[PDB]
Amino acid sequence: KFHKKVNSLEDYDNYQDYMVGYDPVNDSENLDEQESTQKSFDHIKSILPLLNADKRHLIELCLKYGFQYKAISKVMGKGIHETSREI
Amino acid sequence: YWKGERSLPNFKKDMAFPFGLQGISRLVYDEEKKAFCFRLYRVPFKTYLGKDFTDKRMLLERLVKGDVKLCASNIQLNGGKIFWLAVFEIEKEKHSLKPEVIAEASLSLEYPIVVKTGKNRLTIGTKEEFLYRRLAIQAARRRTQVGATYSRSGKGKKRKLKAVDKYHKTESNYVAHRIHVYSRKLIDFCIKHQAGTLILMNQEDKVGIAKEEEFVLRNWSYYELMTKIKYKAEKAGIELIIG
Amino acid sequence: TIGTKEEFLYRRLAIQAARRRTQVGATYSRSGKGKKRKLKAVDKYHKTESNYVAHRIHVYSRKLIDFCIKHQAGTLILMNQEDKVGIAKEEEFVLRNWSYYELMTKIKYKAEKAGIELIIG
RNA sequence: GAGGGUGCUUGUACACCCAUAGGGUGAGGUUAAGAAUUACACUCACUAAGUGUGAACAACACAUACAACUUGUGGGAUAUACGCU
Numbered sequence: 088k089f090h091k092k093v094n095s096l097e098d099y100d101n102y103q104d105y106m107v108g109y110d111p112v113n114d115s116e117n118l119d120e121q122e123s124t125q126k127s128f129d130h131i132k133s134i135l136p137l138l139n140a141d142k143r144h145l146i147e148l149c150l151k152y153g154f155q156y157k158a159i160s161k162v163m164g165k166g167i168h169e170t171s172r173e174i
Numbered sequence: 123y124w125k126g127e128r129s130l131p132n133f134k135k136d137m138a139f140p141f142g143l144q145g146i147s148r149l150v151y152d153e154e155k156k157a158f159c160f161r162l163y164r165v166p167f168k169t170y171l172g173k174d175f176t177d178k179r180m181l182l183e184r185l186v187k188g189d190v191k192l193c194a195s196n197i198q199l200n201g202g203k204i205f206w207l208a209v210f211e212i213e214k215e216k217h218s219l220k221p222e223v224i225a226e227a228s229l230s231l232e233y234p235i236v237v238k239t240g241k242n243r244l245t246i247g248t249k250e251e252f253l254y255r256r257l258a259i260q261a262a263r264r265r266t267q268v269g270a271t272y273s274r275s276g277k278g279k280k281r282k283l284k285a286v287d288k289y290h291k292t293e294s295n296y297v298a299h300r301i302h303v304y305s306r307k308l309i310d311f312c313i314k315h316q317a318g319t320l321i322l323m324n325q326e327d328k329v330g331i332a333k334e335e336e337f338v339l340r341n342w343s344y345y346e347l348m349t350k351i352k353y354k355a356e357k358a359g360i361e362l363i364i365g
Numbered sequence: 245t246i247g248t249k250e251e252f253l254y255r256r257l258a259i260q261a262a263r264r265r266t267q268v269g270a271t272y273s274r275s276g277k278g279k280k281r282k283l284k285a286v287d288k289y290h291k292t293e294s295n296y297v298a299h300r301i302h303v304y305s306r307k308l309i310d311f312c313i314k315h316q317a318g319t320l321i322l323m324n325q326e327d328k329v330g331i332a333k334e335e336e337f338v339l340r341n342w343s344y345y346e347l348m349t350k351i352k353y354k355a356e357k358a359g360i361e362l363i364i365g
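Protein chains in written order, with PDB author numbering: chain C, 88 to 174; chain B, 123 to 365; chain A, 245 to 365.
One thing to keep in mind: the hints can contain errors.
[Claimed, not checked] In silico DSBU-like links for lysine-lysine, alpha-carbon gap of 35 Å or less: (1) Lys135/B <-> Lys291/A; (2) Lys282/B <-> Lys284/A; (3) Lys282/A <-> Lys354/A.
It should be emphasised that the hints constitute simulated quantities derived from the structure, not laboratory data.
Input sequences plus hints: build the corresponding full structure.
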């Protein structure tokens, strides 16, 4: 059904002339947004060393395994509730 | 006072005024309205303890029953809400070994030895704390080696490298004293909270989060850590078996 | 624009964090020889961040006064300073990380010296 | 490698060194143990740091760049680390 719901681009005469188009402005804007996000993350990384060591390691682990309160709690010693509160 | 080392301590408008035991009468507990009630200076008084889950409720319960003696206390009027600063004289009960409580000892990643017992928890040190002297010693050893290799030779290799060898040697004594003080604090908790049984988890797992971080104090045998809590254990009396 | 958030607030908080680091690390340092030797490392941070804040405040006030004099600005006005004092009072970070009384007093005495009349509002 | 000493004071960096200085110790009180001995965030205190001259742990001379340089005293207040429940 899906493959029979798909037409052929040849049904439109000279489809390569007026269809299947893109604007590089969109690509440049997407890359600019990516750069903005990267700059924000670099700002956060630079702020990280100013925090307490335990809270810095909590975030560092949460950024390389990922908000895994259970596995972090067993790793740390604090419970699920305490570890979530500290995060 | 006379030597003038300290001035005259004065008072302010917000100092808690004192009062003794004779002011308080009928120091009992009330359950219908849930407030330890009494009568201070011809005025009945009921406490709004609020959401007090701390040891204040227990202390009040022993106080009304007479288990705890009360000293000259104070009343404060801080911000409208009347507060009572009670000073209790409590006899230090002889703490003895009671082998029916379990003490939970675990290795960690930035929070070294973690000990849990009932509602109580204590950590023996912290990661950067244990690593500061180690980093300092290693860096100093590096620069001492660099200086010695560029120093005046021909006076003997021992005179050239005795400090180089000693700088690596002292790390071992550092970690030995570290394990010593860590086990000392572990046993201190064990004795302090009347714990009779203490057990150290393997708590090793596989993959997950572990197998990438190497654990502060590593496994439960680094520099005979296990041994240094075994020989110390019966040194105090607590029962550290296995986990 | 005089001053950056990194050179004033971030370094101040870095000194504060280093002080807390040494405070934490002093508990298990050499023991049995008294409290003073344990807090020896803390004693280093006696007036560290106060000195840093004072120096940056002096630099910033000097640049403000220099800019005002170089453009012959005979009246310097602090905009919305009363409202910012009000919000800072009912906060914690703003009071204990943004020295505005020190900045205001340095500006006042360094502008009353140069003839610039300072207004607050 | 932090952190420091001399380079008027402060900040940055800088040359020269010290730096396991978050250490190496000494004394007093106290505690625990049969003893050795351990312990105290109990108290007090000592110990490292440019070049030359100089017998010298005496003294003296010399020793980088930019910016700033109105502080001191006290009170009120908050928070941090530690100790107890």
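To see whether the hints hold, each was checked on the structure:
1. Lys135/B <-> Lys291/A: It holds: about 33 Å lies between the C-alpha atoms, which stays within 35 Å.
2. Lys282/B <-> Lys284/A: 33 Å, holds
3. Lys282/A <-> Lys354/A: Violated, because 42 Å separates the two Cα atoms, which is more than 35 Å.
When the structure is compared with the earlier hints, a violation turns up for hint 3 alone.
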